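Heads up, the chain below is alone and in the form deposited in one PDB entry; it's given as structure tokens.
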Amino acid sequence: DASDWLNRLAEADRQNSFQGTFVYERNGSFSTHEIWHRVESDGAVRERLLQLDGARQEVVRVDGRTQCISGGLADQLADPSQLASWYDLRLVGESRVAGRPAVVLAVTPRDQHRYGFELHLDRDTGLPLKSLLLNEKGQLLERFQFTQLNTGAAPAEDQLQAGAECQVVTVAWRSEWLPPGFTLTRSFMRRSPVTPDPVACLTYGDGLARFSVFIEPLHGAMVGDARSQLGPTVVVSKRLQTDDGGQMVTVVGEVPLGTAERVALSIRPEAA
């Protein structure tokens, strides 16, 4: 049963120490990374991630906490129980990934507003071996795949220590429309990268997909639509007519183009 395999996935990261190498690929980027993952005797997870190609990007985490992170990952830093309501969870067979037997789960959207996944889960541990993000037509948007996974034996302490590049470290807006299952994760204010203006940020998620909304004042300027794509991440900007000079609404996230567009056109100011 797929529900059971996803619950096992949810807990696998606290019940297994491991080390491994994986690749991440999208249109325009291919990279290899290494991970060392140690579960301490009290259950805390200590994890180090290192990029193996090109620059030495790195992060070390202790449970949720970022202990250190390299600058190129940080310059813009300011639960599967309900998933079956928005995705059909299906065991579709068996596979072999990184020389290990796996089960294949198809996580298929129940509507047009989110992407699906093909997940390959390690039989021995429930850890993820392969994650493929698929669009509506079944085409591949991103590939996450281990090439080797070494489980059981815990990484040695020296393997959990990062290098020198790892640096020790109310908004008056709402959406009138969200796809089912998406909820507000967080809202906060930032500043425009260009001007003195405050920019409101809202972030949303359904447990699998996330998107962010940015609302920036136009001061009466005539600025039109924009759109962009970076692998699975769409960017849409649409002007919002307002009584305070207009706003540009930007939606960024791992959702179909039409979802980002519909969200962007549904943003509204809060009323008294």
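Residue numbers count along the first chain shown, from 1. Residues that one form lacks are left out of the comparison. Here, rigid core means the biggest group of C-alpha atoms that superpose within 1.5 Å across both forms. What changes on going to the form deposited in another entry:
- Comparing the two forms between the two forms on the rigid core, the single residue of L121, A200, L149, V107 with a CA shift of 2 Å or greater is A200.
- The Cα shift for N16 between the two forms, taken after rigid core superposition, is smaller than 2 angstroms.
- Core-superposed comparison between the two forms: the Cα of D53 travels less than 2 Å.
- Once you line up the core between the two forms, the Cα of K238 ends up 2 Å or more from where it was.
- Here is what shifts between the two forms when you lay the two on the core: runs of at least 3 residues, every Cα off by 2 Å or more, at 26-28, 71-78, 111-113, 172-189, 195-218, 222-270.
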The other form holds:
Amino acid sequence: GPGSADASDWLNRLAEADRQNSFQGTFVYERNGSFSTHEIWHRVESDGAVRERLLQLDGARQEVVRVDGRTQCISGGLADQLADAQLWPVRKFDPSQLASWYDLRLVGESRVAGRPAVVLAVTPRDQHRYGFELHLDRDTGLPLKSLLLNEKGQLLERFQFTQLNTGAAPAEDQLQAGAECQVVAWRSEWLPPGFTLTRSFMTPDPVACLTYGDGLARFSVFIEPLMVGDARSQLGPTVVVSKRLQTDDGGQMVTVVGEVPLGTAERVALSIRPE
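For comparison with the form deposited in one PDB entry, kindly provide the form deposited in another entry.
So it's only the chain below, everything else dropped.
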């Protein structure tokens, strides 16, 4: 868990940050050498719903609108939506859940997006998960920068804001996507310790998704049925494993993405069972 009272307070401020701040900002995402830039609008509405829109600023015009974690509309093909399931610049953390699996040390202060921030070094307590370096907004607790690091200290993933405006909630129109944003049963029998199912949900073909988290890390497993002789291997750079598996409910294309070591991802995928 946290290694000082300071780390504890800041961990706490982090967990509150998602449901208590409205903001607009732009950030960079990098995962295993990929590079993309995104604008985000995030607003706590009247009924406390957390409403969110992401717009990819480069590459293909791609958008996602979420309400309390549930996606209202999304853009593009399958691989795009894989990339989206990982686009969680500001997520809900669960300090009590995560404290069993990580040690958290206050390193000092920093600057991100021109704002004062606080730095936590987050170290795993086993080899089933990666470490993080987290930079928390001094003012709001929001995660300005997140570095995913392996045991050898190599950078595997970067979330990093380039600008953040927490001074006034976005207007209604800023929370709405465009016409290209399209409207709108399995289990893992092995999970790494501490991981629980965060979320499950279901374009060219029907695909099931399971997102898992340990209070800190997030990874997702996509299960795509089957054409049977013409399988689609996900070949994106953020893909951790993509396997064709034979289950008791037929052939599945199983793809794991997110913040999860390869060996761990492989064990999860191989444990996927129908219900």
